[PDB]
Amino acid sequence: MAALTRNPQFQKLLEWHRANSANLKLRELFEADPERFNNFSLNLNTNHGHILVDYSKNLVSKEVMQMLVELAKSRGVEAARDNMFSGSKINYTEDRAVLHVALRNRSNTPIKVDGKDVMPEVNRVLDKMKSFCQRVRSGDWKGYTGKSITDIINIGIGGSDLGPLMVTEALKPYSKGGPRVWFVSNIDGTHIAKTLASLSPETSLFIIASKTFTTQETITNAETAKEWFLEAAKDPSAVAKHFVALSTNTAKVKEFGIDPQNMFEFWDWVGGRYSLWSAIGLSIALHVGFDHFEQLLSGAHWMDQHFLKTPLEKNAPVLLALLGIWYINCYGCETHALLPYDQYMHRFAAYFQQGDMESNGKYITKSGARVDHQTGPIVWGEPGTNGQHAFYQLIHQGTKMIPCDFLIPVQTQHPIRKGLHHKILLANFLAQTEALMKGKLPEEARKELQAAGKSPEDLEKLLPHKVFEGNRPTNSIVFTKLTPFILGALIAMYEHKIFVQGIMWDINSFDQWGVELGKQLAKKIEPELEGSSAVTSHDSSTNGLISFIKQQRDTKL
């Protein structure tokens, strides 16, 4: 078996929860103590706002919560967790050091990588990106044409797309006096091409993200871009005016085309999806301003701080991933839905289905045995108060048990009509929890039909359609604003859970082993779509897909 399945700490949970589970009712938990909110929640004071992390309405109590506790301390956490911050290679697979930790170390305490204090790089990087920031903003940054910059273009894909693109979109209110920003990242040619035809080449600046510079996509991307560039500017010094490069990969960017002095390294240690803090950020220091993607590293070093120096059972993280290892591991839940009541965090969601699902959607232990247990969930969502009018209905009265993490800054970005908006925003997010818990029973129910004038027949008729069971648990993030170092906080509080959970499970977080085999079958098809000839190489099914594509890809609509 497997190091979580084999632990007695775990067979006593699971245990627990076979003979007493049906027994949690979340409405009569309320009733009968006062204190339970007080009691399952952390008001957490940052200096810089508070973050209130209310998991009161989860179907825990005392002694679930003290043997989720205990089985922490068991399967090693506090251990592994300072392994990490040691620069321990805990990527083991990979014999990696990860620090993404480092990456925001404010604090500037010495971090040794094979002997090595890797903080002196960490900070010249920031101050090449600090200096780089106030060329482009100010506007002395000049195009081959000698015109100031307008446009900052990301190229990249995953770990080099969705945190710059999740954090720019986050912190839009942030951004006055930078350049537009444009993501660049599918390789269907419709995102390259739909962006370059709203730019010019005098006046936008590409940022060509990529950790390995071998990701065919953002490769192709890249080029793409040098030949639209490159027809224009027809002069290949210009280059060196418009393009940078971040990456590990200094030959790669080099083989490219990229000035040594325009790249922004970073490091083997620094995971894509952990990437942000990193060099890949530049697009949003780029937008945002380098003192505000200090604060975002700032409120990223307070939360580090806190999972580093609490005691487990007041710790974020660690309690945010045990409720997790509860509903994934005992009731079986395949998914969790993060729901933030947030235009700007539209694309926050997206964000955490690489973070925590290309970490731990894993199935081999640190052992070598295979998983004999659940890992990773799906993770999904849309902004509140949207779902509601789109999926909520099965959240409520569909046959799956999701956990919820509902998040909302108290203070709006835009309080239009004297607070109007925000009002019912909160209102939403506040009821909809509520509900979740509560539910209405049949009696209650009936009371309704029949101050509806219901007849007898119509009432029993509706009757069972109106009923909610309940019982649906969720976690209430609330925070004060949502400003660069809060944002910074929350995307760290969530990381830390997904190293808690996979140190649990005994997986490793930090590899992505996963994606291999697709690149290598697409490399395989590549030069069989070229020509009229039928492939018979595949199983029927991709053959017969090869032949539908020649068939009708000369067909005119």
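By rigid core we mean the largest C-alpha set that fits within 1.5 Å across both forms. Residue numbers count along the first chain shown, from 1. What changes on going to the form deposited in another entry:
Among the residues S185, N91, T248, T365, the single one whose Cα moves by at least 2 Å between these two forms, once the core is superposed, is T248.
In this overlay on the rigid core, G257 has a C-alpha that sits 2 Å or more away from its partner position between these two forms.
Please could you give me the other form, the form deposited in another entry, since above is the form deposited in one PDB entry?
All you get below is the one chain by itself.
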């Protein structure tokens, strides 16, 4: 088997689930224990707002939580965490440290990789970012015709795109005095084309974001941007005023036409999906200002310290991790829904699709043995209240068990109409988890049908359709306000949740070998699409699709 399934605390947990889980009913759990919310929630005081992690509406008893905490301990979570924080090369398949926590290490306590403290270089690049932010935001940095920059365009994909996009979206109210920010990511030429259409070469600065600086998508997009720019500027020396790089490839960066002084470096121990805290977050810092960027880092640092110092039984990311293990490995739930009741957070779910799924969508353990159990879930969601009208039908009355995290700020950035909108938003946030837990009993629906004037025949027919089984578990995560600091803490919380789950599964949360095959096969297909000659080199489906493409590409509609 694998490490997890061979673990006696896991075996005990699974056996307990088999014997007892049918006895777990949320309604009864709350009725039996008025201290339930008190015992199954964490009210975190960060000194910059509170984060309440309410996990009480979960299918767990005190005994289940105890078993889960014991499993985290017996899977080596505490030791593994310490190894991450100390710079051990815990990314074992690539032999790399995993040090996104160093990027936001505000305390400046030394963190060594190969005997050398990484903090000086972290802080050097942060200083460079700050200076660049002053130059651009003040208008001192001029374009090729001597005008201030009005638009920043990040070009990047995956980890070089999602974090900066999600965070600038989430922190939009903090962007007064900042340039507009645009994100180009898809190779689909629609993306860059529609972006450039609304821009002036005179006042636009491009940020080329690539860990490797070889990703075909990003480099192609970057070269398209440069071609468009040079059409107007007609001077290759002007490129240095309008293009900067987030990478380490000094030669290719210089060859591109970017001043080596405008390469913002990061390191191999910064995973792409953990990179917004590094140089990769330059578009964030430009948009909301460096002070706000530091606040974002400080919130993450607070959560790092919470994760590092707190006993597991009261440790927020650990508890979130453990509830997920319970639903994944015991109940067999494929998915995890992230439902922020916040329009600014509209890209939060998409961000953690990479963060979670690229981390823990794995099947090989540290020993090299295949897992014989589930790993990472499929992450999904849209902001409330919209989902209530879209897919909550299935959550309430479908045939899937779907753990959901509901998230909301107490204070809105836009308290319009004396707080009316936010009052309604909050009421929906609360009522939905309440309804998911409670459902609606036959006796309740029956009386409603009788009051509505339904005939005995119609009532009988309609009744089962109007009943809600309930017993659908949720987390409610509520926080004072979505400030840069609080957002930083929340992202870090999920980062550490993902880490804990990965350790427990005995997988590598920090590599991504699964992207290689698709890349290989695409490089082979690319040149074959040119010209009218038949392609016969693949399976008949791939060949047939290529044939269709060749046949249909000249058709006038």
